[PDB]
Structure formats: C-alpha cells, structure tokens
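S.K.: Since the structure of chain H is provided, determine the placement of chain D on it from the hints.
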Amino acid sequence: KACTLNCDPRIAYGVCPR
Amino acid sequence: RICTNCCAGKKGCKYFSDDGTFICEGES
Numbered sequence: 001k002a003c004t005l006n007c008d009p010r011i012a013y014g015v016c017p018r
Numbered sequence: 001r002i003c004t005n006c007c008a009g010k011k012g013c014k015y016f017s018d019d020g021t022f023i024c025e026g027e028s
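Residue numbers (the numbering used here), protein chains in the order written: chain H, 1 to 18; chain D, 1 to 28.
One chain only, chain D, in its complex shape:
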C-alpha cells in the first residue's frame, strides 16, 4: 500500500489522501 509513486501514489495515477486531500494527478 505504502512504498512511494503514483502507480499507487505520486507521479502516474490521480491521488487523494486520508480523507480526499489531493496530492497527484498521476504525474505530479
């Protein structure tokens, strides 16, 4: 689950945190 990168985290897929606090538009 936690290991870094938007394949499931930061820079690749869209991303929300905990509640829904955005972090990566799958490339950010």
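Extracted from the complex, chain H is given alone in its bound form:
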C-alpha cells in the first residue's frame, strides 16, 4: 500500500479505484 515516493511531476487528483 502507498509508496515511499511516487507522486506526480505535475499531476493533481488521482483515482486508483477505477
């Protein structure tokens, strides 16, 4: 679950469940 890093260069909102 989650990540030590990994978090968008410029993205904003995210929806892992579909």
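Wrong hints could be hidden among the right ones.
Stated by the list, open to error - Some but not every residue of chain D turned toward chain H, in silico, with C-beta under 7 angstroms:
1) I2
2) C3
3) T4
4) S17
I should point out that these hints are in silico values taken from the structure, not numbers from a laboratory. The beta carbon of each residue, even a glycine, is placed where N, CA and C say it ideally should be.
M.R.: Below, chain D without anything else, positioned relative to chain H:
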C-alpha cells in the same frame, strides 16, 4: 504530494490535473 508517479501521479492510479484535466489511467 508532488514527486512523480501514479502511485499518487503518472503510471498506476487514474489521474486528473488542477481542475480535472486527465493525465494517467493508472498505467499511462
């Protein structure tokens, strides 16, 4: 928040930008 990759950004979860401008279907 900002660090690159769809775990929270690009290539892994779906993704929208600022307003809702799409960028990654969690693998793009």
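S.K.: Any hints this thing doesn't respect? Which numbers, in order?
M.R.: none
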